[PDB]
Amino acid sequence: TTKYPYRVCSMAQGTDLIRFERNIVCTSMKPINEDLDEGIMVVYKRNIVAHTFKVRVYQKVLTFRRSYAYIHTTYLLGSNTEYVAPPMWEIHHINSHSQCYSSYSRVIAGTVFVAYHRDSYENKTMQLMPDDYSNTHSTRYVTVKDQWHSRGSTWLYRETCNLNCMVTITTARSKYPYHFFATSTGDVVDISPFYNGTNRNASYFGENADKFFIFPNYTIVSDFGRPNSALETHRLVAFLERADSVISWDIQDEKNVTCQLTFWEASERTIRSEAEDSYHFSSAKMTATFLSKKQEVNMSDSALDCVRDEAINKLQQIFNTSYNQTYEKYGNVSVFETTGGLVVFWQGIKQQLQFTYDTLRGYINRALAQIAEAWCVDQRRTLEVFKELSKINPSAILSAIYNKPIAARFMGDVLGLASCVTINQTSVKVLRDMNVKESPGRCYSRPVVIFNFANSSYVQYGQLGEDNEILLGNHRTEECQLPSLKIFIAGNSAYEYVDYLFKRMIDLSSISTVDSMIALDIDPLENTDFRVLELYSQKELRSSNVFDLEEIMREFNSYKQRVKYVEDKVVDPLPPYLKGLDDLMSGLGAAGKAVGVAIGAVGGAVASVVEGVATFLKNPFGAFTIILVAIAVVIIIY
Amino acid sequence: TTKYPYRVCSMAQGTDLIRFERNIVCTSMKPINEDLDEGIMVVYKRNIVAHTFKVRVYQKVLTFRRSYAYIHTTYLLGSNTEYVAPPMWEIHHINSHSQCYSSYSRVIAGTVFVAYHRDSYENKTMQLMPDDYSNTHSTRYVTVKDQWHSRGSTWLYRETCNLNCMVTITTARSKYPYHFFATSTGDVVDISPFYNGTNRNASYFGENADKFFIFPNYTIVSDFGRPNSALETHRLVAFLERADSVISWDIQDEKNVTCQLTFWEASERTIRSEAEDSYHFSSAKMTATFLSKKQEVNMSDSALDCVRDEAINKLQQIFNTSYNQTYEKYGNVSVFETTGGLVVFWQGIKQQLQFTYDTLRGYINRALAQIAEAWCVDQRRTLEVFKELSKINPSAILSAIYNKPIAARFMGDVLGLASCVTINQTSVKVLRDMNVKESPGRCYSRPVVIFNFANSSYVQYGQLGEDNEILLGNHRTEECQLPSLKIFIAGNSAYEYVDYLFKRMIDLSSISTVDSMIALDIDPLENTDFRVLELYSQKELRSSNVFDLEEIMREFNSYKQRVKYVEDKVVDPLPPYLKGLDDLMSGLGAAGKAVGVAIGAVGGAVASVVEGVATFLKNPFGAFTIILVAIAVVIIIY
Amino acid sequence: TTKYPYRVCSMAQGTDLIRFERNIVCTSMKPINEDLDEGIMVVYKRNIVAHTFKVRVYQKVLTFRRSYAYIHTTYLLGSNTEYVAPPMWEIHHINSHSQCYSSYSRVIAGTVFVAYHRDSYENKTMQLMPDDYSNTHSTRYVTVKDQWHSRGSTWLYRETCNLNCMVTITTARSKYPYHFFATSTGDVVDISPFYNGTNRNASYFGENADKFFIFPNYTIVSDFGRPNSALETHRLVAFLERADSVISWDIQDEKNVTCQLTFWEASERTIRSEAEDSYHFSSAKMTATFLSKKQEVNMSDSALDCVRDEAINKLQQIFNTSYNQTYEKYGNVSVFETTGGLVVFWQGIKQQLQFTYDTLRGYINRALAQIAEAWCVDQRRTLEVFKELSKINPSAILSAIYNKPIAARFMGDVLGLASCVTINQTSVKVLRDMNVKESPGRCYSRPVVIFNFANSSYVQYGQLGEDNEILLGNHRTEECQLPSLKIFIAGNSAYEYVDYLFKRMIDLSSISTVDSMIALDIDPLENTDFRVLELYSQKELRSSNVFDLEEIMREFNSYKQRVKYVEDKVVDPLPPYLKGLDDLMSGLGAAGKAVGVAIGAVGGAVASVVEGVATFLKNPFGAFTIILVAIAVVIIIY
Ligand SMILES: C[C@H](NC(=S)Nc1ccc(NC(=O)c2cscn2)cc1)c1cc(C(F)(F)F)cc(C(F)(F)F)c1
Ligand SMILES: C[C@H](NC(=S)Nc1ccc(NC(=O)c2cscn2)cc1)c1cc(C(F)(F)F)cc(C(F)(F)F)c1
Ligand SMILES: C[C@H](NC(=S)Nc1ccc(NC(=O)c2cscn2)cc1)c1cc(C(F)(F)F)cc(C(F)(F)F)c1
Ligand SMILES: *[C@@H]1O[C@H](CO)[C@@H](O)[C@H](O)[C@H]1NC(C)=O
Ligand SMILES: *[C@@H]1O[C@H](CO)[C@@H](O)[C@H](O)[C@H]1NC(C)=O
Ligand SMILES: [Ca+2]
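Chains as they are written, first to last, in PDB author numbering: chain A, 86 to 436, 483 to 769; chain B, 86 to 436, 483 to 769; chain C, 86 to 436, 483 to 769.
Simulated from the structure, these hints should not be mistaken for laboratory data. A hint or two may mislead.
The list makes no distinction among identical chains, and a pair is therefore deemed to hold if it is satisfied within one copy or across any two copies.
As the list claims (entries may be wrong) - The calculated DSS-like cross-link candidates involving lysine-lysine, where the alpha carbons are at most 25 Å apart (straight line), are:
(1) 535 - 518
(2) 399 - 296
(3) 139 - 296
(4) 115 - 370
(5) 260 - 535
(6) 568 - 695
Hey, can you work out the whole structure from these sequences and the hints?
Structural data, given as structure tokens:
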């Protein structure tokens, strides 16, 4: 199954942005000049090359966790992490020996608080070792992989720190005009990658003054994790100290320039309707409809000399492709610059009753041009439709219209693209179970999977999706209602779960496609389900009533009811008006005209005293005192 | 940015209704008559003009609010509003002096309860002043804009009223045959606007008998709010006392009639396939396919004499547009009434080897007609697709297919249309923040905006949407996970929030459209995110696990789990079976055969006594008594 | 209204499976051979007939319910059902006399527990009577329709059983190659319906060995429910004892075989572009584009002799349909097998300046073929679009593209089809109310309906949907905000609810379709709503703020906020860290350096004692003891 390998792509950061431009206008191609020409043209747009240069990021996560230890259990009373960038000497030590210290020494506005890794009060060094989230364009070298659950002595509230020095090596990508590069994780900095010390006017720079360091001949270790690797001196290295991280990169070298060509497509039949100055290339591809101004762009122009020779030959071959001797060439090659920005160039071609033949050919050409002109609108319609379908599942739409497996994610108003991460591909066991072990009456919705990220030894838990791609998480449970005939696609083979235990594998042949079933299927059987009906017709339709199986329709008819559930449910365990007071309303609810005022005043005084009494009673020491005095009185009775 | 002004259109009442008719059928245009004609026709449908006449509505909102006042805080023990229509003399006073009373005097079935504005027990008068929700088709003149939070004396439960006399001036719209008009706010009445006293048979009337008043020469003030304006006597005014409002309007005058024409479109090439009686106008616009019966509609007909002359000239000009002398006219103009109801009229045109030319022309015409016939189906398909896309975002779909900014809202099964309200356009500050100030760890999803409704001085709070339109509310928060690169479109300029603090404005050029990127993009970068992965692989995937960023797909896989959350969460703080009883089950849960019965009986008696004891204990006076007796006993020990 | 009868189709089990195959490829039809032919062909695909044979299923549901009875109310302390298949002798008794016993006698691993229907300790017999869920393809004969709410003696915890013997008669459907048949309810078994005792190699069998019984001449009662019906001896009957049911069926007889033909369609104009071996039938239907290998399939083949004669005649008639004498036949009929698997057969046809005419005809044919070739892609695009629209409402999409009323439901990755159940059609009262009677401030979203399932006398409750089809449940409530103008479609007639009380019926003519309104509507009115605005601009936008009326858009902007509501709401009434302990954190929260440790230790000891004291206090007997000793001490004071 090399066609569809396991992939966990549901996450996509920046470095790629695409949009769905709203307004595109089609023309009205019947102003003048019922007579018209035809030739052979080839089309290509303008593109720019990006740059990838493998930045590095240093960071140090420190978290406090305070807890209390009972005799048999240990309660955690909350925890809080925070990220702080390391000082410069620590970064020098990291880049020189691939080991970092275990004592952070920040100062907060009046004095220093020397934190420690394990409250051991030592200045030791810790190595770096690989982490369990690898890629082809990412790596980590965290130094404390585990978490510390030290129970400690009973009845002793104590707090601990977990300094977790880390280095990561991502790959960034910047585009023209090269004045901000976004890394793989998501960090964005407004500095040109080509900015060395003395290129302020030529290359952009807008970050800060004393947050920038350029080092020449910086001895950097080749690969972290190995205790003693081999060093290698780079030319220039740049550091960009931020408030919570440190970014570093190699000062890149000057860019190569060849030209901007794409080779969009090469057509074979075009139609030209010259109105007055707006030569229309009504191409017969039914997807190309351009416009240009009636001026040759001077083929000997100083912006396209790479394709200058390559411009001619292809046209010639396409001529010899189909126009051997019946069709004769007409003039030299011509070059037109369109309104969009793409250069398109073409070669003209041509071939009593001769007048009749010419009239027939002209009429047919006019008909075809008008048909294409009317066809122009469905492209606008399709873009409009996709602009709304992309709100349901961007990944599917983009992968369908690009013919590549692509993971995309919304970023407010513009999509962000990325490829798919690839799992080990060897150890992925699909459990033959769907029932939640702990909870009776609830079973998973999609089979649970246990994959393993590359170059690691730590298992995970995800759930199978469509086309054999893993989606993260283990929380797609659902109440479930026997019998069931779930079938999951892993093309070209489908799993068949019957009553939630893995009946058998089935080859994908006994499920007729709707496309091949446009004709009359014999007859639907009109089946029924009795558990759901018996549950509805006893009025406890709360949880198992429906699972919204036809989701996006049946789901929005119920949401306004869940909102009321949540509101009413929240109001009761939400701080009331001093629940003891809640009776007074009922006291006035029944009857009473003016006794209510005096009753309210007396109740106010009484409640003022009793609330203090109860507040004293709630502390354990006060409760013990009450118990002691009660026992003492009872003993005194004797 | 005059192209896209700020607008707050997310609300749309009636007065406009549109539908998505399901079944439209395409024909089979090859019965007979392979030979066929062609001409030039122009098409227009039938429309009717509406009527807008600026009704007025009087109302009086009165609300009770009861509260208790502690020493440092004031609790509100609920409140309730209610709307009541004012009596007739109050309306006369309002329309004569633009000031209304402050004492409502309803009777409830046995006696009168004279309410008062502030329990001041006076019969004063209050002026009317403008409200903070204006429009081009709405206004209000509320008399008490604020709310009364009078603390009052401590320890005194008291209730207050807030009589809030109001008048509003909307604009209604009614359509043929003029027998019900719906106002802007949403009120609908079944009375023809032309119904004066003596038009029962000619104009509809179906509301009631003693709920209608017609006044001649009613002295009405010109504009409320000004203490002394200039009066103006209208001809007839009508009042329609309802149970909770009073509607009034001017008795309109008799309608003008000219004709019903639309000028749908003017084509240039048509194709006619006369089968036996069903002349088919297979127009070359690829969107027009009509049918009619083989009978001229008698151009000298008494329903279209306005366009009678205008019918001919346009055809002539289009002839001179393209048919100078090669194409000769054929007969007189002809008029056909289609099956839909639209009248279409046309002028016929025409021009050894002549037979060959005729055969070629006929074959080409047949081919084009068949192509259009096959094209007829995609319109049905597109309507079917839009019928389901309209369930995702009606406003976007309707604005796309109408090329106007339109706000629409479902009304059960039929859409309701309206334009967009326009804000002051001058003072709209977009805050450069996204973090919720009070709650740490939660930050907004779209930037928060502070606009200002026209002709007011009271700020509001809304959130920015797409294409620079404000959507109401301040509640789109979300847990959020650094780093972020949010980009919001305000065409043609996009805001860029990096880590939720307003990095900088960016011109909309560095985001390549997918339409212009049909070709091969270089390569996606395969990025990753470590915070989400570390959160998943420790099994606390509850709140920050996912935000359903690719919403409508990832959202319905989780809904059945939120349902279980809500159910289990509700069950516990929901009235149990007298929680003291809950132990008995466990008492029988472990073991026991027949001791359970006796234990249950004894527990029943004990619980019967103890519940009464606890009910006595819960009142503050009983608690104070218990405290007093305990202290007295302890003192007595001494 | 026979066009749209009431139907309750929202449920669909298996027995029908369809799929949405992803990749379909269009060709490039310009390799070679600019010259090309044309003929007349007819097309039909391959289909297989299914089998329906009316299985039977026996089952016995037994449920335990334990409860306690107070003096005025009766609490139920949970209940649990379970399904168990009956033994063989009980099934023999059921099939011989249509009455079943009331005493289940299972054994659990060490001894028998004889359950009883009502703890009456008797071995009586109970009849079978019809149930209130009937169909054309389902029935039930449950023996205990009601539920037992016997109050019993006060203060006596007791449990009861409700044995509910049942038999059902569904209809299954199996398809080629007949090796698993799925019943209507949802049960699936992997046995060929034709498997009698001695067909192991010819017919599949994969269930088990000692879970199968074949009985010859089994005297089976004709119809259950009647105390004494007429018997009828079938040939062979098969039982398939499962763990919780018993399935039975008649051993079917050998299948008939005629042929596999469908008669897809009969075209009239085709275009053939023979490249080298891949004759392309570029049909002019604009939906047919095939491919085959250059070899006749030997019309005298032993797989299609049924249509062998019928193959010729239709072609002939279509010739006489349009080709009388101008068009002459060319050779004999030819038969081509396509790549898909469908056989298509065709008859060729044909008809100085002759060369010119031939060139014109060839050029036109090439143009039309290229247009169809370019058209091939929109079918792929439409399938891609429907693959995502089917995630919103499968029923609507399938019913639109099949032109039949079809209820479909997702089954993981493949759709399941069924027709619509039909209600009595006579007694369906649509209540003229929408306000929830018990709850003030909440009113239904769609009108509530009271239908009645066929052949029953037990009312139900459902809600009206679109196109006059009932959807089950009574839980689509919503907070609601006057005024309202709801209009519900029951084509061709719409209900109009104004302020939620059934204003009047309206014929469907005063709502203009968007399809007929492509032109300029006069002007939208720009209406407004004041209740919603006043609710927003006072900051209590929690429940009535919005109902997500434009659902699928406004709904996913709020979901991440409901998630936080649920999380925060759950955390508080979720088992805390022994709430008495919660103070210690605040004790260390303010200040303290080392007194916290000693305070924590003392608090630990005190809490250890006090928790035991409170646990003793929570039992009713301990509370009564405390009350007794307190009263005794107070009396002793005297
Ligand atoms: C009928 C009477 N009801 C009272 S006195 N209701 C009440 C409740 C609350 C407040 N005030 C505040 O809650 C408050 C908060 S801040 C300021 N005031 C004031 C009055 C009653 C009194 C007794 C007694 F005499 F034994 F106490 C027992 C019962 C019994 F047996 F039915 F339970 C009933
Ligand atoms: C094991 C025994 N358990 C009992 S007696 N359980 C029980 C609970 C509830 C009910 N009945 C109702 O709740 C009821 C509601 S309406 C009608 N009846 C009846 C019985 C037990 C008794 C004592 C004692 F003697 F001190 F009380 C202390 C403990 C201790 F130390 F473990 F806590 C345990
Ligand atoms: C300020 C002082 N606060 C204390 S002592 N706080 C505290 C709370 C909890 C724990 N420990 C555990 O909860 C625990 C669970 S497991 C192990 N330990 C330990 C200490 C205080 C003491 C009194 C007194 F003396 F009357 F009691 C009254 C008040 C008053 F008037 F303000 F209410 C305040
Ligand atoms: C280079 O940068 C300097 C900044 O000091 C600027 O003044 C100058 O115009 C730029 N260009 C050249 C050619 O020096
Ligand atoms: C029939 O089934 C038997 C199973 O014992 C198998 O050995 C045999 O090959 C099958 N076919 C024939 C023709 O006997
Ligand atoms: Ca199309």
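Results of checking the hints against the structure:
{"no.": "1", "hint": "535 - 518", "result": "both (19 Å within a copy, 17 Å between copies)"}
{"no.": "2", "hint": "399 - 296", "result": "neither (54 Å within a copy, 74 Å between copies)"}
{"no.": "3", "hint": "139 - 296", "result": "within (20 Å within a copy, 65 Å between copies)"}
{"no.": "4", "hint": "115 - 370", "result": "both (20 Å within a copy, 13 Å between copies)"}
{"no.": "5", "hint": "260 - 535", "result": "within (22 Å within a copy, 36 Å between copies)"}
{"no.": "6", "hint": "568 - 695", "result": "between (31 Å within a copy, 16 Å between copies)"}
Of the numbered hints listed earlier, the single one contradicted by the structure is hint 2.
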